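A single chain, nothing else alongside it, follows as structure tokens in the form deposited in one PDB entry.
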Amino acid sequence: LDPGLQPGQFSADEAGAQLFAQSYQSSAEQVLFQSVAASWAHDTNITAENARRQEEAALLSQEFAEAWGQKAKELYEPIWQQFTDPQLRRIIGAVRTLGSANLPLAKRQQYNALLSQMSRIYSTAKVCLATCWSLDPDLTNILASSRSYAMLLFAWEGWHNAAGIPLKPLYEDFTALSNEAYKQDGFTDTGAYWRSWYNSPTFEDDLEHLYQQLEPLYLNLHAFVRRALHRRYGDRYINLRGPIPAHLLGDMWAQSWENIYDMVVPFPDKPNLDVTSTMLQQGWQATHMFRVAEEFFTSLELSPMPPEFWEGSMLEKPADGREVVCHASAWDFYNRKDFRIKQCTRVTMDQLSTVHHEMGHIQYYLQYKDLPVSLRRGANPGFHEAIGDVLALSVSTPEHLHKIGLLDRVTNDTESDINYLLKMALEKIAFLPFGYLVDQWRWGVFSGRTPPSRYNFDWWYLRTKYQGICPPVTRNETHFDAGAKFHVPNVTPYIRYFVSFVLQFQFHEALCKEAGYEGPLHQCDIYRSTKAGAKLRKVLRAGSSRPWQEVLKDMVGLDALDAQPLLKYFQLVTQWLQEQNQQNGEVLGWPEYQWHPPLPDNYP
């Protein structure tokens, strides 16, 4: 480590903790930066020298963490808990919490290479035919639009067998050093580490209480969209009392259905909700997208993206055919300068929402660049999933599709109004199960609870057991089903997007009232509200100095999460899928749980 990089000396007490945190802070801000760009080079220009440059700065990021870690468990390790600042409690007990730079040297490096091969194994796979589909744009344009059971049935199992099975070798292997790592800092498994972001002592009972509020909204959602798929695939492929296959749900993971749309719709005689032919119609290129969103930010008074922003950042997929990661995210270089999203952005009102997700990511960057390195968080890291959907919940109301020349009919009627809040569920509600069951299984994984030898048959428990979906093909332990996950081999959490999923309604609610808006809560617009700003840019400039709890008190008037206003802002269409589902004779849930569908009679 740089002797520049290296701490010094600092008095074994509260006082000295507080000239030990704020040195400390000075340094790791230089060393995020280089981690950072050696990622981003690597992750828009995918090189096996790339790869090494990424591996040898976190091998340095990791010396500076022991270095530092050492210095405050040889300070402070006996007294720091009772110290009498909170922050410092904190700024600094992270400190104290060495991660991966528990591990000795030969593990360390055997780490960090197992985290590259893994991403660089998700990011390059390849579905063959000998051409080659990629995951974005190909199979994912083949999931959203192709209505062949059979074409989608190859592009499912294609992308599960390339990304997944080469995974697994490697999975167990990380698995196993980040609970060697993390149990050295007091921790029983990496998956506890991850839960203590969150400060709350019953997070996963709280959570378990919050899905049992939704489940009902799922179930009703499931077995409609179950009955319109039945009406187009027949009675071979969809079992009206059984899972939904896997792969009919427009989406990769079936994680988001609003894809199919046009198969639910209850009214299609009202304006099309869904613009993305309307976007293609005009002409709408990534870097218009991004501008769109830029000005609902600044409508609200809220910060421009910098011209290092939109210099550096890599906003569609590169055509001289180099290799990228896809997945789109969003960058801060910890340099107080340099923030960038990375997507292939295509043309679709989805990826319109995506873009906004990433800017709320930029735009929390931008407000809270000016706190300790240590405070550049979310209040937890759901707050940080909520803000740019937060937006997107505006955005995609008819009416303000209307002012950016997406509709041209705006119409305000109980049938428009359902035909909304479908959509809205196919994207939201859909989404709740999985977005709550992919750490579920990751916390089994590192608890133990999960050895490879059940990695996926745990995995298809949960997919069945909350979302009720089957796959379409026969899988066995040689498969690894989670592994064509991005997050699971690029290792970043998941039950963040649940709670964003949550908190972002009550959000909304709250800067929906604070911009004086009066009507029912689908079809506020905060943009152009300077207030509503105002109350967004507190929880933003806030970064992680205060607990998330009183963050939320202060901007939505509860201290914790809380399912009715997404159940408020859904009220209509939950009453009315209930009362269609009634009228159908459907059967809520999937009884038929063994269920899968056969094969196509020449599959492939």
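Residue numbers count along the first chain shown, from 1. Rigid core (definition): largest C-alpha set, two forms, superposition within 1.5 Å. What changes on going to the form deposited in another entry:
The one residue among 85, 323, 204, 157 whose Cα position changes by 2 Å or more between the two forms, with the core held fixed by superposition, is 85.
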Given for the second form:
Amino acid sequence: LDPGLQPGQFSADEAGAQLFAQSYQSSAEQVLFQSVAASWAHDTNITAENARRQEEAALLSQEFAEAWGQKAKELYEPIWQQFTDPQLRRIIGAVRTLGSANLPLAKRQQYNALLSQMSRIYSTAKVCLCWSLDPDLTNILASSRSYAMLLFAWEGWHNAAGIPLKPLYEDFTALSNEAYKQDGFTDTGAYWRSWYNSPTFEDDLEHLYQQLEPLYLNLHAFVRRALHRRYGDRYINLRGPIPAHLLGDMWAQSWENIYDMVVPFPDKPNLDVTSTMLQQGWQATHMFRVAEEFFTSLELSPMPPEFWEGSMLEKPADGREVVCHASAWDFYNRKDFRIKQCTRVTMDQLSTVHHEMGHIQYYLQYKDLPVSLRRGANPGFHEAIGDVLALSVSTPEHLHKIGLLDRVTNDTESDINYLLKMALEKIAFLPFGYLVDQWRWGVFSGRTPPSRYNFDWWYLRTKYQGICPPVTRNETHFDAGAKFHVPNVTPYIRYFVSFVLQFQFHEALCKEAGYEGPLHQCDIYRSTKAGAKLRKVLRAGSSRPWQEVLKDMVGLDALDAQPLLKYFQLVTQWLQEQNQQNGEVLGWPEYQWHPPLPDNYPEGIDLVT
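Next, give the form deposited in another entry, keeping in mind that what was shown is the form deposited in one PDB entry.
Shown below: the chain alone.
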């Protein structure tokens, strides 16, 4: 470790911890910057050499974290928890957690290499006869309504990404648990859960899911019916799980892309404004500037020049390999902040632009916190910020204000269309956002050994989402591996928490804004009072317990499903009424059912390609 980056000495009391924390800060930003810059260089340009450089940056990071971690322990192990400065305790608490820096050098190099090769496997996989995930497979899952085309993209992707990840994923799991066990955690999953600082976290989440499950079951039954009328009885079983490739999305995780097949009242205004965006010639640039302008309408910060100069806002045309999966980047120098997105001109992509910009906004607002506290109050708060604004943006009235929806209507049919569309996006995602980390928590705990990765993945997929793989799978397949966050080692339960929390946020901001109609017709655009209430959250970083931040924001100190249930209530009732009238079976009691192959599959793919 460079002499300038090493910890000096400090007294072993709270006054010394403060100076220790201050000293840490100046060197930490340098080390984080070097590591984020190296990750940037690799992910906007995947080469063997950028991976080597990123690996060396990561090793430096581990070195730094071991030296300051061990010094914090040496000086403050018996006492940090009794510090009266609460922010100080949080800082030390962080520094003293070593993670992968617990491993010996050789295992740290194994770990860093595994992260790099798992990433490269996922981001460079392709399906031949060659398509990329982004844009090619994405566009197909979204837009194609051909059974065989969808199947070829689904199977190709899962086979191409998942199969080779499996041996690496095994080795990564063992090394990750080895590292965090030295921090005191029974497994890495227990470390990830600790961020919520809640002893009844898992029971609380199960309780949430129980209240939400009936909305998902009724939405599932209604979409299953629409798919049945289009694909017929051979490929859709009105009492069985839905084939996992027909829902608009590679992971079936949100269903917005099939809205055009399930829209209840077609002669109402068309709420998918993609065609209008294209017709009007929108590009990436316009999308980010319109999101930006929402944030400044609230008197939040604009994106700085460095964001505009450095971001990657479209997939590069030189065909260099990039990680297309959208992401928001804090360089830790309080100046560089960027988004890396292979933006496509589509309505769901306008939301993803808002999603990523919500991360940027948090980073802008907390940049002056001590480095350890530049995080959301919990990970689910970071995930909710952009989605809350996107809730206002998607409303018909808002879209009318930004030229994206010429016709205006306010009737019970138009409401149902909008709430249904919103339900495809938000409700359909619930089981998937809940299940992913159940699977990974079982893998980290050893309950799911490698001999059951796929079995236990499809157990949970059918249990919660009521889908089934459209070709047979066995334990040579690693279908969890074909989802970004798994090889990328990004936790998922944050997105389940976010999907509840954002409705709590929306409710509170809309009330603060002075709005007084139906929750799902609220637009907080240009509300400077909503803006101020949101800014208090963002500015807090992780300096304070998330329960208390939440309580100051919305008036309650817990996750609560009531705001989501209230926003969706008109369509929740309507879906239940429609499924009753059609005689539907709620759920999938034919749990073993899987569709047949299409005749002449895959031989005839060239006919529909």
